[PDB]
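First comes one chain, alone, set out as structure tokens in the form solved without the named molecule.
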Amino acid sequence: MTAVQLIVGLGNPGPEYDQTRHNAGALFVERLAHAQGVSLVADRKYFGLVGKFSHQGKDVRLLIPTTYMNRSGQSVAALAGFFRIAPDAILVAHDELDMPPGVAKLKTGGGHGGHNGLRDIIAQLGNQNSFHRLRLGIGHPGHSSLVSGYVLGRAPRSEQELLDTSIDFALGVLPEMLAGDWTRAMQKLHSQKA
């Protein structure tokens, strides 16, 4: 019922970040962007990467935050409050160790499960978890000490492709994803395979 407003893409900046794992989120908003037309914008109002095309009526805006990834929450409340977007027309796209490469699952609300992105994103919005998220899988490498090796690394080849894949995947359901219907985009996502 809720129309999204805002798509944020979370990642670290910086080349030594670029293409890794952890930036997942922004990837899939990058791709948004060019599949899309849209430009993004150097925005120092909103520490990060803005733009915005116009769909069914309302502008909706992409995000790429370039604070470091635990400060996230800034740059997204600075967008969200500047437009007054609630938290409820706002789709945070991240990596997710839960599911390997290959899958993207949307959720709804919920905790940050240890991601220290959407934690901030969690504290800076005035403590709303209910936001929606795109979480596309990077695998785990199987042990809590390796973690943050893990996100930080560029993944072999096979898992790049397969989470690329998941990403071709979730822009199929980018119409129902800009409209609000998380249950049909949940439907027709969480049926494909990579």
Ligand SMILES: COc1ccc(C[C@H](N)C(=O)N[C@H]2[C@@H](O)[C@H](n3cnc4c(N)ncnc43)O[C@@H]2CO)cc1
Second form
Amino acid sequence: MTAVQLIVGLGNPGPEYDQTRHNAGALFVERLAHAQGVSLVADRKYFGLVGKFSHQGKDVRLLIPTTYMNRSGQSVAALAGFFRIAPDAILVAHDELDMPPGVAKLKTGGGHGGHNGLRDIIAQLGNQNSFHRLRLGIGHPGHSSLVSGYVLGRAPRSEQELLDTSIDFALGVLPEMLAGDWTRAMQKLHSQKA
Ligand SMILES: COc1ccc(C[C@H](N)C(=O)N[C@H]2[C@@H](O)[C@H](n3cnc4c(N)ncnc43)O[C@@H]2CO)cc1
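Starting from the form solved without the named molecule above, please write out the structure of the form deposited with the named molecule bound.
Everything in the complex follows now, all chains and molecules, and the chain you saw is the first one.
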């Protein structure tokens, strides 16, 4: 229906934040770029790492913002703005507290749920939330006061492997996602068990 033109992977920059839970989305996009043979170029204009490849005669861009997570929108709006990409043609991959490691789901629209990357993107896109999300489960620590330390921490290896597994499931529906066939992507993805 509407082909995806931009896939954004959320995360924080630098070695300290690499491999942390809040970089799950960035990890998805890095894995996707590697599987597709796409180079991610540092591009100051877009405040991140940008990659491009062609699919069905159209350019699809990959973006990992190198802002801190709470300014991710600045990156997304700079790139979407420049190429005139509507929210409906954007997919944002991100960590999801409300699902355990090993689970990925797709969602169109909705709020940010206290995810400051999502929050900034919604604001920067002109208060538009109708982009698609790839929700990568990272589990929840069990109280609101533990969340900040938890998402900025490195998960136990078992949870990381489960995340890797969910990323693979999601890559398995890339054809559907790229085409904008969310119904099919959802049917295939949400039926998978890690
Ligand atoms: C503690 O020191 C730092 C260091 C770096 C950052 C960068 C970034 N801006 C961020 O990581 N953001 C947030 C939120 O996006 C994230 N987060 C995700 N879901 C959340 C929720 N329901 N409630 C609170 N924070 C949540 O927690 C992270 C750490 O507090 C932030 C804080």
